[PDB]
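Let's start with one chain on its own, the form solved without uridine-5'-diphosphate, as structure tokens.
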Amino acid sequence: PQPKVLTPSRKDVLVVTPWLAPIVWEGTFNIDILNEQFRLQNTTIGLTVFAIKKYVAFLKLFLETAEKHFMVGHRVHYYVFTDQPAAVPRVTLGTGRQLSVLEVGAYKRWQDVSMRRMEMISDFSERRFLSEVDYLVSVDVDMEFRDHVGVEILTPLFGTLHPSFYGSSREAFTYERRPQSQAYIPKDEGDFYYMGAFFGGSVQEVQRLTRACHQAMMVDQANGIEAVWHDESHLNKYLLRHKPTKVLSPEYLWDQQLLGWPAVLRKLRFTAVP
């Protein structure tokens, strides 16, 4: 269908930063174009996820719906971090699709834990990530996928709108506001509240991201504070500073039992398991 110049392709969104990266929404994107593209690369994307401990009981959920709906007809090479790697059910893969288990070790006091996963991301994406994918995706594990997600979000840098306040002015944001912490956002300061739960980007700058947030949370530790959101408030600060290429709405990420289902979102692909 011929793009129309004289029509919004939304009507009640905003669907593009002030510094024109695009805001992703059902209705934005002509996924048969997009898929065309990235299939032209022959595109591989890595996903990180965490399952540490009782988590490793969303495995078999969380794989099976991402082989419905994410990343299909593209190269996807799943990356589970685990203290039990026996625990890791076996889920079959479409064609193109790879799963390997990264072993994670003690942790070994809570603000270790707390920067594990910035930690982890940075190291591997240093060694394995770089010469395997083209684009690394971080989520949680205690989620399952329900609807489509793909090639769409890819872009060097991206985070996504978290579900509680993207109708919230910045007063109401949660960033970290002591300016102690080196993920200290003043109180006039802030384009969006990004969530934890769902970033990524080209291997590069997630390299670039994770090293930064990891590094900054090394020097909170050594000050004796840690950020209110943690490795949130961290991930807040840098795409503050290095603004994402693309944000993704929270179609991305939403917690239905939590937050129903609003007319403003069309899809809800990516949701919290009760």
Second form
There are 2 protein chains.
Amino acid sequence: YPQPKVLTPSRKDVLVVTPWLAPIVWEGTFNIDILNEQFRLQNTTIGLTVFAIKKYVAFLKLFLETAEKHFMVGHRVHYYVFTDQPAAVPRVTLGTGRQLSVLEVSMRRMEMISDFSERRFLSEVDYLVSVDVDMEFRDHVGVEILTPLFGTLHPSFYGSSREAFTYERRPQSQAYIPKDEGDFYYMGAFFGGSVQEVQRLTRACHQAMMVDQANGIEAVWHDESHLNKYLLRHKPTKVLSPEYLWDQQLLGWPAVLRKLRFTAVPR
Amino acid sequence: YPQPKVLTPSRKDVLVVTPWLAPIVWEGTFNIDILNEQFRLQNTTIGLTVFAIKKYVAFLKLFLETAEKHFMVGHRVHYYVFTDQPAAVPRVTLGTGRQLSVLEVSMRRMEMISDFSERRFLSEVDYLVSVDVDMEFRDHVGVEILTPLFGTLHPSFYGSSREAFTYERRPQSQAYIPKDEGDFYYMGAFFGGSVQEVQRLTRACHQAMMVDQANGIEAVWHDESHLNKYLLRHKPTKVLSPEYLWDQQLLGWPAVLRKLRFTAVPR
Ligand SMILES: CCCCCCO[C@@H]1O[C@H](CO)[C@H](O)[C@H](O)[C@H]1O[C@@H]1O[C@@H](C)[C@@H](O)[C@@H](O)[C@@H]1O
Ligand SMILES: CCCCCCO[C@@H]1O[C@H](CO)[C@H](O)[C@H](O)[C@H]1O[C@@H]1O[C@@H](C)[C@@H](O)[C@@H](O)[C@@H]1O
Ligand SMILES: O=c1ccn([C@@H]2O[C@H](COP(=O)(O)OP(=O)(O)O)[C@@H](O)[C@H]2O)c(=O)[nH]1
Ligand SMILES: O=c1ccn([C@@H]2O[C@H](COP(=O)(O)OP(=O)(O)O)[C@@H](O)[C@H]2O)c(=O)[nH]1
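For comparison with the form solved without uridine-5'-diphosphate, would you give the structure of this protein in the form solved in complex with uridine-5'-diphosphate?
Zooming out: every chain and molecule, the one shown earlier first.
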């Protein structure tokens, strides 16, 4: 219960709020005890979707074991594993209040989250988070991320000028973003929000991808390109810092990262 | 459309986000163009309530003329003037999309906002803001403040330690806050939020004041004491800086204030 200090920035090295007043989530900006209590009072349930198709099933065991140690501990969690191999899903032991469902299955993540968010998820979960499976948790990822809509700063681009962002640059594409436009480059590997905002986003990105396909065009970075266009027009109500999406082998451990929470393991 | 810069704090002198990740609103933290568009897309209507009882009617003309120049310009605004003298309300000319209603009338602000927020306001307005009438606008006060629930940092106390906060300290009072507790000292002269959150707050503070009265007790700073207790337990989703509530004669123009927006003129 340290008293917040009005005259001392929570960080002096990084931007902790966007120009539309969305928090940018970094270590030092939040008190987890306050936040945990706010979300427990609502009995919050968090859905986490992950796709593990073909060879990617090999990633699930470490993904699930580390999510058990770091993800939303103390809160209700429902993992949704989309896989082409139901029997290759490992039996990881889960903490109390946590469950896993197997859902048997470029355009494909968006469409499938969109279909299932309109069935099951509504309904089962208050927030939906969508990540890649070839990842491991190494530190706390909790209710600090939760908000109607969020994206995550891509670890390769957070220091970049917008012209260097690998947005879709061809105006023939639904994901087109002009050269003088763009707040941030968001990574496709970590986004989420309330179920409603997630249904809206994945529905938009899936509808935009079909339009692009009917026109014989594929956005340069696929659903990530559409994600960026969607979050340009519908601004996230929190942005995660790259603590939440890192590759240490590629990028090290710079000084602005006080924690590496969710990292790549060596669409 | 300057690109937000990830590696440069929007401010280096002040805290721009609370530990529960609510934005603290200061000049330099927001782009008004982005925000104006977000709220216009929803056709947002802002209610502003002010009490002008007895001698305080003399404050209304400057209050209204300066609100016309600075308050929510470009958005729909409904002023609600609670007064004991209907005919002493000056006929200030209003910009398009803006209207004023006269409502003829310690415990009294909370109860009356609570009654009218449940009738008229619902209904008429998306957000309700409640200020004192002995004030003038001098600079921009816009949709940057709008959020489910906000309070404002009291200009006298934002540099203070919590023990020096003039919270109600007697445990016999509903407004009691213990010595080791407290985030901020909020001023009673500027609070608001969505109509629903305002109905909840004013209903809580009014019910708590009756309880205190039935027990022969009056909180040290009256409804302000209850406001602080309410915002301790139900944390605002934005905090306004003291740009939004200043007294220049008393306190000058310190360096951390880049704008004085809404000020005292020389319950
Ligand atoms: C060693 C290869 C370096 C590639 C770094 C840039 O990351 C890629 O960026 C594009 C958009 O410009 C996509 O976002 C793509 O998925 C990113 O690659 C993945 O992320 C990086 C950080 C690293 O883990 C790569 O091995 C991933 O394939
Ligand atoms: C010259 C008198 C100085 C009083 C400053 C402290 O302000 C008062 O603080 C209490 C709580 O401790 C109440 O919030 C009270 O309404 C405040 O006074 C008003 O605000 C100040 C900034 C100044 O404008 C006073 O003249 C007002 O009466
Ligand atoms: O054959 C595949 C290709 C992709 N994916 C899923 O989609 C993600 C994105 O691709 P990778 O992770 O293939 O991309 P980068 O994240 O671009 O390396 C993977 O993590 C998996 O979750 C999968 O399950 N099987
Ligand atoms: O006789 C009164 C006393 C108070 N008020 C209203 O309640 C506010 C709070 O009191 P003052 O402004 O009297 O207090 P500080 O804000 O404590 O000087 C005033 O601005 C008016 O809006 C009023 O209208 N008539």
